[PDB]
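**Student:** Here is how the chains run, residue by residue.
Number of protein chains: 2
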Amino acid sequence: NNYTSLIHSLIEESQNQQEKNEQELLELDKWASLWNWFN
Amino acid sequence: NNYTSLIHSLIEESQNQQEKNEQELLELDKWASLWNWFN
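These protein sequences, in sequence, are chains A and B.
Quick note on my numbering: the first sequence kicks off at 1 and runs consecutively.
Quick note on my numbering: the second sequence kicks off at 40 and runs consecutively.
Only chain A is shown next, with the shape it has when bound in the complex:
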C-alpha cells in the first residue's frame, strides 16, 4: 500500500521531466535569437 511513497516519486519524476524539457526549450531560444542577430 506503499502506493503513497511511490505516487510521490511519480509526482517528482513528472516535475523533473517538465523542468528539463522546458530548460532545453529556452536553450534553443537563446541560440535561435543570437543566430537571428546575424540574419
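Treat the hints with care, since some could be wrong.
Stated by the list, open to error - No more than 25 Å apart at the CA atoms, straight line, and that leaves these computed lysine to any residue pairs for SDA-like:
| # | chain 1 | residue 1 | chain 2 | residue 2 |
| --- | --- | --- | --- | --- |
| 1 | A | 30 | B | 54 |
| 2 | B | 59 | A | 30 |
| 3 | A | 20 | B | 49 |
| 4 | B | 69 | B | 56 |
Claimed, not checked - A few chain B residues that face chain A, going by a derived Cβ cut-off under 7 Å, partial list only:
| # | residue |
| --- | --- |
| 5 | 46 |
| 6 | 52 |
| 7 | 53 |
| 8 | 57 |
| 9 | 66 |
| 10 | 71 |
| 11 | 76 |
Hints in this document: simulated from the structure, not taken from any laboratory.
Note that CB positions come from ideal geometry on N, CA and C, so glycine has one too.
Given chain A, work out where chain B should sit, using these hints.
**Tutor:** This is chain B only, laid out in the frame that chain A set:
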C-alpha cells in the same frame, strides 16, 4: 523571431499538461490514503 512564440507556445502547453498529470496523480494519492486509513 517567430521561433520564440513557438517556443513559448510549447512551454505553456508543457505546463498545462504537467499540471493535469499531477492532478491525476493527486487523485491516486487520495485513493491510496483512503486505502490506508481504513485497515
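**Student:** All the hints need checking, so say for each whether the structure fits it.
**Tutor:** Verification of the hints:
Of the supplied pair hints, the one linking residue 30 of chain A and residue 54 of chain B holds, its CA atoms being roughly 20 Å apart against a limit of 25 Å. Of the supplied pair hints, the one linking residue 59 of chain B and residue 30 of chain A is violated, its CA atoms being roughly 28 Å apart against a limit of 25 Å. Taking the CA atoms of residue 20 of chain A and residue 49 of chain B, the gap is near 13 Å; set against the 25 Å cutoff, the hint holds. The suggested pairing of residue 69 of chain B with residue 56 of chain B holds, with an alpha-carbon distance near 20 Å, which does not exceed 25 Å.
Hint status for residue 46 of chain B: holds, given a least beta-carbon distance of 5 Å to chain A, under 7 Å. A distance limit of 7 Å between C-beta atoms decides the matter here; for residue 52 of chain B the minimum to chain A is near 11 Å, and the interface restraint is violated. The restraint placing residue 53 of chain B at the interface with chain A holds, with a minimum CB-CB distance near 6 Å, inside the 7 Å limit. Interface hint at residue 57 of chain B: satisfied, since its Cβ lies 4 Å from the closest Cβ of chain A, which is below the 7 Å cut-off.
Nearest Cβ of chain A to the Cβ of residue 66 of chain B: about 10 Å, over the 7 Å cut. The hint is violated. Look at residue 71 of chain B: its Cβ gets to within about 4 Å of chain A, closer than 7 Å, so that hint holds up. Residue-level restraint check for residue 76 of chain B is violated (minimum Cβ-Cβ distance to chain A is 10 Å; threshold 7 Å).
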